[PDB]
Amino acid sequence: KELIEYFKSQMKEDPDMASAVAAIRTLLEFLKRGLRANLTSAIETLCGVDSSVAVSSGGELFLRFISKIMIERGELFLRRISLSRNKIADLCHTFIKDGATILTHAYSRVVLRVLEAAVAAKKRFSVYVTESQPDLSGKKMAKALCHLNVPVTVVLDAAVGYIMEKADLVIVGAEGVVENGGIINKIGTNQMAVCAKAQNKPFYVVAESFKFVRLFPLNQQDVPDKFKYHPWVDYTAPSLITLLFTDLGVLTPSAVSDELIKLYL
Amino acid sequence: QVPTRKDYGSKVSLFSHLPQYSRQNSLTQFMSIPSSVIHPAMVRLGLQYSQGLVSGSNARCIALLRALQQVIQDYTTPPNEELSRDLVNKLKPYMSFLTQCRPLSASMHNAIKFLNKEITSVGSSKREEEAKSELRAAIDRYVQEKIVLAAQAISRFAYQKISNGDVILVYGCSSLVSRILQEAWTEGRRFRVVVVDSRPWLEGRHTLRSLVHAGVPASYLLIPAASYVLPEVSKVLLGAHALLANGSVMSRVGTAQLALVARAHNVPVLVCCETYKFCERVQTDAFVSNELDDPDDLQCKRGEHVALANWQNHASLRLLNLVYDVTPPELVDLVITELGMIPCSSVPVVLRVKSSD
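Residue numbers (PDB author numbering), protein chains in the order written: chain H, 4 to 36, 44 to 77, 91 to 252, 270 to 305; chain E, 166 to 522.
Careful, some of the hints might be misleading.
[What the hints assert, rightly or not] In silico DSBU-like pairs for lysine-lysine, Cα to Cα no more than 35 Å straight-line:
{"no.": "1", "chain 1": "H", "residue 1": "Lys-120", "chain 2": "E", "residue 2": "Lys-326"}
{"no.": "2", "chain 1": "H", "residue 1": "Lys-224", "chain 2": "E", "residue 2": "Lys-326"}
{"no.": "3", "chain 1": "H", "residue 1": "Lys-189", "chain 2": "E", "residue 2": "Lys-326"}
{"no.": "4", "chain 1": "H", "residue 1": "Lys-220", "chain 2": "E", "residue 2": "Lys-326"}
These are computed hints drawn from the structure, not numbers from a lab.
Given only the sequences and the hints, what does the whole structure look like? Please build it.
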């Protein structure tokens, strides 16, 4: 299996790199070798390794975007995906006020990008990071934010209702966005959104454009079982979400459905 | 005899059963100058009620009990009649005259109830002046303990809640909340107060002067700026005029509104009420029992273009300024009484344990 080997070579050489980006680069590398489309279809039928929503979402969006201009199409598509994060930070970091109390979920490079863009604009704020422990990743987020020279406090997992009254805004990076405006993320997003709604705090979602999946879960069981695995995945209602921060602009949760209707899956 | 005052203006169709008078005219135009039917202290009390000179909820009760002391001191006993029946039959037109002057607060209702219970329980073997001294001493002890000792107890129970460095929001004019703020500032707490006021009474200026004279840093603003400042406000003090059986808070008209906006900004509200101001009476809206103020009070001078000057010539125009409203009991957190920190659901509990049960 050379596709999984190239995926591991593109994902393990840079630990600050996303998985769906490396998957679309693997699809483009198969498109470099019609026979190229057949090899890309073979490896995308053979890429059933990662259980993330963003990987399969980017694979489906590249499978639609591919359908001799396919290589240049994937080239500027990966150019837009690579230049997405700077537009994410530049459109999102303007909402953080001075002296605010930041609430943050587990480790993701997107919220780290928007916090380093926020401290790049001369802003002072304290960040409360939930530990989020099926595995210690919120500690890794607090360690990577302590190197950023910002005041961070490692918060216990069952204290998001304890610290909600003092955290004025709740900014959480999501790993998958369904059509209505809800998000698929790590399991502690639902309780944080419900405690933010009961305390009237604005719940912000910071995710890119390739995480737009065409799914519609009603309950916590209606998310697919291949993305669940002690679950790793919850679901947040779109009524619990104030705004989204994509590269197309700062969007209300009803705009993702507009983009997916104009895109047609 | 005492006639009825004429209703002034065009009433609200929801408030047609409640009377709406004016402060321009008085009822004593057709009364004798030596006051014979009404006691002279009682007609003095009705004049200082109707003109708006006594507006505080505790000040009306204090002036009521002083006028009742002046009535009982100027009481005589007819032959073959008991004091415990004749004083009951004579104090009812006095309270009717006071009601026709201005609608009574529930503190004054409970004062009438307690005084009627005390003058009902006067023995027949007691003399005239001896029973007069008993009733005056009972009124003195009543106003003494159940004003100042309850005020000091509520002041200590709110002093043990207010911490250092917080901000406090108040509304309206109330001597109890102002005394809490003064005795909290003098005993060592360092805080600043955001004063919320409302039209047309503008009674927030009184507690504003009371907080500046006490050395407290103050902030003054109105109802629409309260929504602007409640994201910075951490604590709201309120002055209750009556507490009902379900836990509702009868106060000034901007109380339930401010409590709802404070809960929307997660700011806990605190009402401060003494236990004689409670009610076995209950209501759920501001429509079935309320006080109607002057319809000529809503007009103001913004330049030289007063629009509500000739408001009575417009047939389809209605003027309304409500005095009292109620809160739903799930919006108010504290009820600070002299027995301790109780919730809103404990008001008939305190009524039971203070009603000899």
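Status of the hints after comparison with the structure:
1. With a C-alpha separation of about 30 Å, the suggested pair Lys-120 (chain H) and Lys-326 (chain E) falls inside the 35 Å cut-off, and the hint holds.
2. Taking the CA atoms of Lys-224 (chain H) and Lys-326 (chain E), the gap is about 26 Å. The hint holds against a cut of 35 Å.
3. At roughly 19 Å between alpha-carbon atoms, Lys-189 (chain H) and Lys-326 (chain E) fall within 35 Å of each other, so this suggested pair holds.
4. Of the supplied pair hints, the one linking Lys-220 (chain H) and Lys-326 (chain E) holds, its CA atoms being roughly 27 Å apart against a limit of 35 Å.
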